[PDB]
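Here the structure of chain D is known, so what remains is to put chains C, A and B in place on it, guided by the hints.
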Amino acid sequence: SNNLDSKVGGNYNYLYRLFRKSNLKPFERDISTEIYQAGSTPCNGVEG
Amino acid sequence: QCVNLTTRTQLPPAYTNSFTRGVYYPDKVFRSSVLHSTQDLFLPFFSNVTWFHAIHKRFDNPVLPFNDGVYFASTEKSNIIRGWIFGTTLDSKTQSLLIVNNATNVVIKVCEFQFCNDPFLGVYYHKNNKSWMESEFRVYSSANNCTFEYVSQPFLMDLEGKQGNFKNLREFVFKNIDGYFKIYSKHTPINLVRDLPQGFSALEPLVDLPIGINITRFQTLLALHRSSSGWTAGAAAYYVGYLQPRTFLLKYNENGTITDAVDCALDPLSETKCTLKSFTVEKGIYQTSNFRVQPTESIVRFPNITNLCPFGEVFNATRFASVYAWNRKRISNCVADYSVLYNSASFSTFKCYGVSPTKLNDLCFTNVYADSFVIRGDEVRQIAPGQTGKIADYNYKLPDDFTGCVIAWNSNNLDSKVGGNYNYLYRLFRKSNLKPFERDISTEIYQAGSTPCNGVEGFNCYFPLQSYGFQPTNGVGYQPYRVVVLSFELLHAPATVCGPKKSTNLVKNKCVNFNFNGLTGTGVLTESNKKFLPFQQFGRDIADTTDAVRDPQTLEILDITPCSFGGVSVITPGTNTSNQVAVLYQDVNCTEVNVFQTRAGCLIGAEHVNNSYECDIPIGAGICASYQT
Amino acid sequence: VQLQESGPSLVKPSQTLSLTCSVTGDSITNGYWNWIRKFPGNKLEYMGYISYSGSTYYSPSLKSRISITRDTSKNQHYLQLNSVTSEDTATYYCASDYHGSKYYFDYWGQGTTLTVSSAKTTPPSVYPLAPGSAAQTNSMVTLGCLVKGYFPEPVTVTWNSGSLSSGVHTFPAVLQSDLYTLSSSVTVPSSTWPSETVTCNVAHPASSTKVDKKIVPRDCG
Amino acid sequence: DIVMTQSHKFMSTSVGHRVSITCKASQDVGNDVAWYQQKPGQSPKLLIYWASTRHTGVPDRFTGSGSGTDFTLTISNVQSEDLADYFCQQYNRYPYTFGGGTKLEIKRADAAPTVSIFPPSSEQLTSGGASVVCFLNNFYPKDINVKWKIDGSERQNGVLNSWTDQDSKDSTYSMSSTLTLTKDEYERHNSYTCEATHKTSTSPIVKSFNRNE
Numbered sequence: 438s439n440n441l442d443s444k445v446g447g448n449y450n451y452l453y454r455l456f457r458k459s460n461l462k463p464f465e466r467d468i469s470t471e472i473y474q475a476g477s478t479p480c481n482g483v484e485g
Numbered sequence: 014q015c016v017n018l019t020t021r022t023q024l025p026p027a028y029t030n031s032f033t034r035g036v037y038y039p040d041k042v043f044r045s046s047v048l049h050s051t052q053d054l055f056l057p058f059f060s061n062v063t064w065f066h067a068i069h077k078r079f080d081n082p083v084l085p086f087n088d089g090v091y092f093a094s095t096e097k098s099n100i101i102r103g104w105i106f107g108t109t110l111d112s113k114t115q116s117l118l119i120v121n122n123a124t125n126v127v128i129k130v131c132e133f134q135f136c137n138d139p140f141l142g143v144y145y146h147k148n149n150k151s152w153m154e155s156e157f158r159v160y161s162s163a164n165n166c167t168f169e170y171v172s173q174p175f176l177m178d179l180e181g182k183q184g185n186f187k188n189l190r191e192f193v194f195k196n197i198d199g200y201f202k203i204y205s206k207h208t209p210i211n212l213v214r215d216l217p218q219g220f221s222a223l224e225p226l227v228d229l230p231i232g233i234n235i236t237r238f239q240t241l242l243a244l245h246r247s255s256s257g258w259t260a261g262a263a264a265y266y267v268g269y270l271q272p273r274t275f276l277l278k279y280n281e282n283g284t285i286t287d288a289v290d291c292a293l294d295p296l297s298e299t300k301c302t303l304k305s306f307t308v309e310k311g312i313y314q315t316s317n318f319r320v321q322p323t324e325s326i327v328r329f330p331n332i333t334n335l336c337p338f339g340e341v342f343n344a345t346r347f348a349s350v351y352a353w354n355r356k357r358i359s360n361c362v363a364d365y366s367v368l369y370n371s372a373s374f375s376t377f378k379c380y381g382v383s384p385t386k387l388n389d390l391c392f393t394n395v396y397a398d399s400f401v402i403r404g405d406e407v408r409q410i411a412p413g414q415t416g417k418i419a420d421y422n423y424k425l426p427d428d429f430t431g432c433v434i435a436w437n438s439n440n441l442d443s444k445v446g447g448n449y450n451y452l453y454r455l456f457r458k459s460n461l462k463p464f465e466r467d468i469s470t471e472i473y474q475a476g477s478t479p480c481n482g483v484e485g486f487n488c489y490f491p492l493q494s495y496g497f498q499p500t501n502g503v504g505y506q507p508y509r510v511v512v513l514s515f516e517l518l519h520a521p522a523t524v525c526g527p528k529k530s531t532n533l534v535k536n537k538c539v540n541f542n543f544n545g546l547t548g549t550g551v552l553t554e555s556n557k558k559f560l561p562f563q564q565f566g567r568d569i570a571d572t573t574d575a576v577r578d579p580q581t582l583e584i585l586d587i588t589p590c591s592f593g594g595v596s597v598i599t600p601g602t603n604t605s606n607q608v609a610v611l612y613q614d615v616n617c618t619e620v641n642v643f644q645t646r647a648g649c650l651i652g653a654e655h656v657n658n659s660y661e662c663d664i665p666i667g668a669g670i671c672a673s674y675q676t
Numbered sequence: 002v003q004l005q006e007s008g009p010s011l012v013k014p015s016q017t018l019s020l021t022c023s024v025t026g027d028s029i030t031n032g033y034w035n036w037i038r039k040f041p042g043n044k045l046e047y048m049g050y051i052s053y054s055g056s057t058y059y060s061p062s063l064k065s066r067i068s069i070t071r072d073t074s075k076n077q078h079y080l081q082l083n084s085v086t087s088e089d090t091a092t093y094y095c096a097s098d099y100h101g102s103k104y105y106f107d108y109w110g111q112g113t114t115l116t117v118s119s120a121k122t123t124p125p126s127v128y129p130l131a132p133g134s135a136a137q138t139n140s141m142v143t144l145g146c147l148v149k150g151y152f153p154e155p156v157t158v159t160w161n162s163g164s165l166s167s168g169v170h171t172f173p174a175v176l177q178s179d180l181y182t183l184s185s186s187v188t189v190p191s192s193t194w195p196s197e198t199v200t201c202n203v204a205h206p207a208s209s210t211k212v213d214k215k216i217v218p219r220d221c222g
Numbered sequence: 001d002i003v004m005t006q007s008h009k010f011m012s013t014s015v016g017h018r019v020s021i022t023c024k025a026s027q028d029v030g031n032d033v034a035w036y037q038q039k040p041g042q043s044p045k046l047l048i049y050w051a052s053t054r055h056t057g058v059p060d061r062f063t064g065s066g067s068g069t070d071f072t073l074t075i076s077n078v079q080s081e082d083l084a085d086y087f088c089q090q091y092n093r094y095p096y097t098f099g100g101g102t103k104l105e106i107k108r109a110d111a112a113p114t115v116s117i118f119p120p121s122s123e124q125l126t127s128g129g130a131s132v133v134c135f136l137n138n139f140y141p142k143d144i145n146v147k148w149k150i151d152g153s154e155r156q157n158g159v160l161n162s163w164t165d166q167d168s169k170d171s172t173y174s175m176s177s178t179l180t181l182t183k184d185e186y187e188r189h190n191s192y193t194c195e196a197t198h199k200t201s202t203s204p205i206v207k208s209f210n211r212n213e
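Line by line, the protein sequences give chains D, C, A and B. Sequential numbering from 438 applies to the first sequence in the authors' numbering. Going left to right, the second sequence walks through residues 14 to 69, 77 to 247, 255 to 620, 641 to 676 as the authors' numbering numbers them. Sequential numbering from 2 applies to the third sequence in the authors' numbering. Sequential numbering from 1 applies to the fourth sequence in the authors' numbering.
Heads up, some of the hints might be wrong.
[Unchecked claim] Simulated pairs of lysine-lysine, DSSO-like, Cα-Cα distance not exceeding 30 Å:
1) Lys44/A - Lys107/B
2) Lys44/A - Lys13/A
3) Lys304/C - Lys41/C
4) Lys386/C - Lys24/B
[What the hints assert, rightly or not] Label-pair restraints from in silico Cβ distances:
5) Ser477/D - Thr70/A: 41 to 51 Å
6) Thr202/B - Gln218/C: 48 to 58 Å
7) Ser56/A - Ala344/C: 22 to 32 Å
8) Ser65/B - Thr531/C: 20 to 30 Å
9) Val382/C - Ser65/B: 16 to 26 Å
10) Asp88/C - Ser80/B: 43 to 53 Å
11) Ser19/A - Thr202/B: 51 to 61 Å
12) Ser477/D - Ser80/B: 24 to 34 Å
13) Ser477/D - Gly128/B: 54 to 64 Å
14) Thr202/B - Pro218/A: 30 to 40 Å
15) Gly482/D - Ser65/B: 28 to 38 Å
Since the hints were derived computationally from the structure, they do not count as laboratory data. In this text, a Cβ means the ideal position worked out from N, Cα and C, and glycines have one as well.
With the rest of the complex left out, here is chain D:
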């Protein structure tokens, strides 16, 4: 996939998921892009 997806200067267009509270269920798509809290500290909006 180096000659089909990569370009000059680097490719920084797509995203992925890194952190989650629990494990995923089998045969389920995770398209939830909402901002969720980690513990008892709410954020409710912008990042940080």
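Relative to chain D, chains C, A and B alone:
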């Protein structure tokens, strides 16, 4: 869409009993003149179902769950039931399924529909020239992102308004497992006025809809008839029953039609038929299942209130060390309650880093190191990773992953005298930086220039151990705080001071779940009269069965009694005369579980008769039962 | 012990700040003198303090761009904040934290708002706000007092030298690219205006400008 | 650094209800928890010291408790004079990092505001300025939409809105909408109209004036 009806009268959904509804074909296997047991989601017999109708004051469309599975059964006379809304959150944010029918084609589309406030369909202008033609389309607003569409064959359905009794019986099965929706249907004419019919009908599947989505809530559409908010409805009935993973016994005839179904979780008569796989019950005592008393809660008995940690010589001491020659103290093999250290109301500085103090209760550490040193008020905040000053770069530097605590108290009447306190010292000059957990007790004279100092002061030769200043003419916060820093880390050594769940819990004479040092189990802690040895902790039976233990920090003599367990024997005669049973549990008592005491258990269901008759069905210990007058 | 804050409210960036936390009523014997600023947006941050012994320590966000001196003769202490930025615009306060009779107490003062910006000093221009001649009649007539083109914050706007306090709704200021804008409203009955004298008093202590604009019904129909 | 985290930034409390102000800090502070009482336009004052004893001059309707990092400031008998900002702080060590603050809101019946748009005076037109101010007083709730209709066209640039805090006498709000325009723009239009959309009426308050007079 936005206009809702105002003819809704709030009525309580009373309970309704079902006789034999909820029977359908489990799979694609055709059977005849046999008896096979299946495992699928079915409707339990004599369960609790809903009570809703479609009348011109009661117009209710409730929201019912779908995670347990529902069953649909409706008796119709004018084709009032149109369709359902299969969604997840009832909004335009998720993917939903909408199956409706405008009496021309079965509209099955998988799109992203917009859930309205109250969808309704009806026929307009019932005064003259009706012709049973519908024009109102108020089921949904829009439909985008369609991935599947099903169009059935065109037909003509009669939606005339009949009066009197019901003429149609339409039942459906609404379940979804592993992303495969299964829809069943069955239509037959019956005779019914008010109540629920006690009939029997097997439902056959029509189509297969592999939607692959999750359904949590659903509604039910109703038809409206009135001779845009004061419209009324006709007269219909529909019932919803929650599905459960039960076991049926489908009796097939020579043609393959299901004639009988028996739910094994309804009566003890069904436990005999589901065990021997035969409806014809012969004469004799038959074992069906095993009774077992479930435990109430889990109780761990590891710690007690004694054998505390030696914190009296650390927190209530007289003199401490300096910041360069501090002493490291290890605390282990005890139990430290963190609730009495928080509400002491005597510590002027109680800080913790890394983890919350309310979260370390269910978390075990293996190393506790108290680092006590005496500093000023301007040096407490420098005990932090990634900081600079006269402590983090000269005397004591914290590591990066430091999850310890800072404990100190006021020293207003301990280390404050008139004249000046020159007890403690601190290093002022140093060449390089520090390392985590490093002690520097050297008294080498700092060489600021190129000429040597030779241990004495001179040109660019200052004394590194500078003296502290404690005077009564100084500020309040400049008093020497006896800062004691706790250290925590994780190594290969096991934990010592963690605590399993709590201090102590004592519930006697009940079937509880204990947790010992080397064995687990469920039993009843009863009284005893023996005298055990004080150094023993456990005790076994002949063939390695734990029956008597001792608390490690409490001198008590208690045994371990197992709970009420045993088989279940159903005493019943043949089905050619009657169907009455006698509940008999084995190895039980008449207290924890028309009550008669037997030698095999507690017999509940049979009366005591002093007249001795002939033995018909054996029970035990010379007792027999007989179905006589 | 009474507290009073004083000093210039206009500090240019990359310069030396100057303040004076006046302590009247009791001399500095036992206790500290902190410095708490208030950012616009309900966010608070600590600045520093000074004692009567000779040990000064500040916030870790400011390494060496803050120095506080002391003077036990006139019972005053100055605040020198070097190399100020645009984010340092806040309302500066000074307080004290010291126990008394084995009980904790906390004294506070009034405080003043300092504006750190590169804008120039502009005198305010007060213009009256009169209702129209074809307006709807009512028993309660609303009046206004518009102040536009003043720098810096804050200003003191009263109504009839403080004698008219009922129905006074003080409005906060906004921030455009060049200046500020202040507005005010009052509620007078129909028998008061224009029968009585209604004049909002606008005072600007930073530019020494005092403009008294009489509310007149101009122009007529 | 000491992070002081509260529950919410804006809450609502009616008269007679019990509000539990919680400030769940990430780091444990012990029992050195104090709370502020900052009136709009004044300085914050001390309310509760050492989490067990009320201050001299404070009535007995202010209580405080908590265990661990989960503190609770129970405010009983919430009247109109108790409407102030609360800040969890600590006198342990410097710097005194404070919280974000929690503002209460007294709920009452919805009413219609008093919209009065005034023409610009003749003294402002001499210098070359023009500002139409649309006054809005005694409205509820705080969320409202104030738009301008100049000859059927909506104007966005030049609108200055400034809302006030909740009043401690009638639990209402006040604001001001100033339309900043030039002198030549004032002579090219005739009708100026500002409206106030309310939740109790489908039609907003239409207040306009004619420049011919």
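So, going through the hints one by one against the coordinates:
1. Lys44/A - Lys107/B: The given pair, whose Cα atoms are some 26 Å apart, holds under the 30 Å limit.
2. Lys44/A - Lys13/A: holds, 23 Å
3. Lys304/C - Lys41/C: Roughly 21 Å between the alpha carbons, so the hint for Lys304/C and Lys41/C holds.
4. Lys386/C - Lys24/B: The given pair, whose Cα atoms are some 13 Å apart, holds under the 30 Å limit.
5. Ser477/D - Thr70/A: 41 to 51 Å: holds, 44 Å
6. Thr202/B - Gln218/C: 48 to 58 Å: holds, 54 Å
7. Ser56/A - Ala344/C: 22 to 32 Å: holds, 27 Å
8. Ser65/B - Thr531/C: 20 to 30 Å: holds, 26 Å
9. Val382/C - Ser65/B: 16 to 26 Å: holds, 24 Å
10. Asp88/C - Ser80/B: 43 to 53 Å: holds, 50 Å
11. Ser19/A - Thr202/B: 51 to 61 Å: holds, 58 Å
12. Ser477/D - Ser80/B: 24 to 34 Å: With Cβ atoms ~32 Å apart, the hint holds.
13. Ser477/D - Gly128/B: 54 to 64 Å: Holds - the Cβ-Cβ distance for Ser477/D and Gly128/B, about 57 Å, lies within 54 to 64 Å.
14. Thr202/B - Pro218/A: 30 to 40 Å: For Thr202/B and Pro218/A the Cβ distance comes to about 35 Å; the hint holds.
15. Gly482/D - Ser65/B: 28 to 38 Å: Since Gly482/D and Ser65/B have Cβ atoms about 31 Å apart, the given range 28 to 38 Å holds.
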